[PDB]
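Assemble the complex: chain C is given as a structure, and chains D, A and B with the ligands must be docked to it using the hints.
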Amino acid sequence: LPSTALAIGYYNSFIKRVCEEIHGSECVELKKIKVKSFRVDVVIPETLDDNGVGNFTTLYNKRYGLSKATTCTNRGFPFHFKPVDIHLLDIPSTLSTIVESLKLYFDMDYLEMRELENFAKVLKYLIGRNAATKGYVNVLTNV
Amino acid sequence: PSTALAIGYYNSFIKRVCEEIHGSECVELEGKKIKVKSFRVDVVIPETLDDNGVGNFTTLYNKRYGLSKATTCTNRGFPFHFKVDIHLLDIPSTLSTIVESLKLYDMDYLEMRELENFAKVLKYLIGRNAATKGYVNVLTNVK
Amino acid sequence: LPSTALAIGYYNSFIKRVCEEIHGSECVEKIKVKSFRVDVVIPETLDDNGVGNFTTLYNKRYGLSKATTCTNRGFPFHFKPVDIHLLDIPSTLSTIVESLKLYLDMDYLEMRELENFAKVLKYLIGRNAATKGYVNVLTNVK
Amino acid sequence: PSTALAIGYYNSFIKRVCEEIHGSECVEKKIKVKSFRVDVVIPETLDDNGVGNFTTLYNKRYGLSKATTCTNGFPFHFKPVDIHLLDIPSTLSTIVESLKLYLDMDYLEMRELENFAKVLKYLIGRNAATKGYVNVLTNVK
Ligand SMILES: Nc1nc2c(ncn2[C@@H]2O[C@@H]3COP(=O)(O)O[C@H]4[C@@H](O)[C@H](n5cnc6c(N)ncnc65)O[C@@H]4COP(=O)(O)O[C@H]3[C@H]2O)c(=O)[nH]1
Ligand SMILES: Nc1nc2c(ncn2[C@@H]2O[C@@H]3COP(=O)(O)O[C@H]4[C@@H](O)[C@H](n5cnc6c(N)ncnc65)O[C@@H]4COP(=O)(O)O[C@H]3[C@H]2O)c(=O)[nH]1
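Protein sequences appear in the order of chains C, D, A and B.
Under the entry's author numbering, read the first sequence as residues 152 to 181, 184 to 227, 234 to 241, 252 to 274, 284 to 321, first letter to last.
Under the entry's author numbering, read the second sequence as residues 153 to 227, 234 to 241, 253 to 274, 285 to 322, first letter to last.
Under the entry's author numbering, read the third sequence as residues 152 to 180, 185 to 227, 234 to 241, 252 to 275, 285 to 322, first letter to last.
Under the entry's author numbering, read the fourth sequence as residues 153 to 180, 184 to 227, 235 to 241, 252 to 275, 285 to 322, first letter to last.
Please keep in mind that the hints were generated in silico from the structure rather than gathered at the bench.
Treat each hint with caution, since some may be false.
Said to hold, decoys possible - Simulated crosslink set (SDA-like; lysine to any residue; CA at most 20 Å straight-line):
| # | chain 1 | residue 1 | chain 2 | residue 2 |
| --- | --- | --- | --- | --- |
| 1 | A | 312 | C | 291 |
| 2 | C | 167 | D | 171 |
| 3 | A | 167 | B | 269 |
| 4 | B | 167 | A | 207 |
| 5 | B | 215 | D | 186 |
| 6 | B | 215 | D | 253 |
| 7 | A | 302 | C | 286 |
Bound-form chain C, shown alone:
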């Protein structure tokens, strides 16, 4: 199904790049900020919307009040985080893509959370793969 490719791409690029860069630098760009310990949480909506996950992302922002910061590059990676420990979290925008694929592929909702749980499984497998993400990371489904 066309959910493993999205999971592979999102994990590899975003997660591996950000994790390696921040482990090699230990700092973020809020003005500059510095970090002490790392926890990245992937947030997965229970079901997708008809027109992407932008509205869900904005609702989550207003509900939790996350804060903006890219990686300290002198390839900016703007992310949302909550001498200091940082509890990073994000809702992968790539999930939006899936809905469009479905239009080119109530069975709709049933299929949708099938690919959502498959995406979560692929992410967990890729966490298991590498060591840079071997406990400094977690995922949350049915949100």
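The following block gives chains D, A and B with the ligands in isolation, referenced to the frame of chain C:
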């Protein structure tokens, strides 16, 4: 495999950038608004991919052409490289994911297949919509 | 029937646009907002020549006030640091009567399309997340 | 389904604008009105997301000024002068959404577009207050 990733890339990057440019006609080029009279995004696709991904080709092309990087009008910024009539060019980093999947999944022929499939689906989705049609093109068979 | 198309159009355009815009901006015309709850108001029955008289009567009886969306697509809608209690009567329902005049009971039929419109609105509110509790509908009013 | 949507658009927008312009001859300061006709132009094919993109493209290419009618409003697009009204009916977008929830796809959209245009021009011709002072232009871009 490449089709869903291609759909996602097209949707997000192309529709967002085209819509913002059309509705604003202003890009923060070194933090200063430029005019917009005629433009089009040239998405250029490598013929072959490296074992490590696409970063090397992106670096080589950008250095050869020295394309300046800037975002779109803000008030999430979508940085892009380009050169008044703006000349937008794009190396889609998403292509890297392809090999990753094939690495987890004649090889070089398979990457060729995925690259050409990406090209065709991009061209089809560009042909459909009116926001992009005319203001975007895909340049395969490049280097 | 020709009530699901009207319901879909009304919901999508008006409700989704306004709700998303106010969630993303939190301001109207100046005034600033803290929370949202939009009440779609549905007449218990339709009239011969639309719902203009019903809308004016409701406005006088509740004394609503004007407000548009902070666009920099003016959306003139009626509302009652400050929590706003929004309500609205969809003018599109007027159109429905003409449809019947070009489709042909009348009272029961109109009640049927009104109920179908309400069901479609509730379904679409259930669909999206931007409108997942920030919206309510009110059928059989007065 | 699309027919009722077209009928509603016609009634509300066209009837109200025609009535106001004929009874006032003043639109947004106040401009005079001597002769006019609103050109409802219908896209040949629709985007997946709706009509906003085509509306923006057409308006920017033609640089159409936007203004409302007299008050004591209804916005619209146009260009001692004869008014030349124009409008992209946003309601067209609804069609695709309905057709997406309803269930060749492009051909179904073509059906809806032709039906919308036909019913629009029919209800324009039928009434007297609108006859002559309005036209629908398909086969656009
Ligand atoms: N919160 C966050 N997520 C990111 C960031 N960078 C990538 N991601 C996520 O990783 C997915 C895949 O990354 P990609 O680089 O391999 O493919 C991306 C990339 O090739 C291109 N793209 C998207 N946003 C871009 C951007 N801002 N700049 C340049 N290219 C961009 O479009 C592809 C798909 O975008 P998507 O937004 O739907 O999913 C992203 C996206 O959800 C990031 O800096 N922050
Ligand atoms: N309170 C409020 N309600 C609105 C507004 N815009 C639309 N609505 C509601 O959503 C229905 C359908 O929205 P639409 O945009 O898809 O189709 C509308 C719209 O596309 C068109 N129209 C009206 N005034 C227009 C205008 N000034 N410019 C362009 N199109 C216009 O007339 C269609 C039918 O109008 P209607 O009033 O009977 O039903 C509205 C109406 O009940 C609005 O700005 N405010």
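### Query
Checking against the hints above, which ones are violated?
As far as the earlier hints go, only 2 is violated by this structure.
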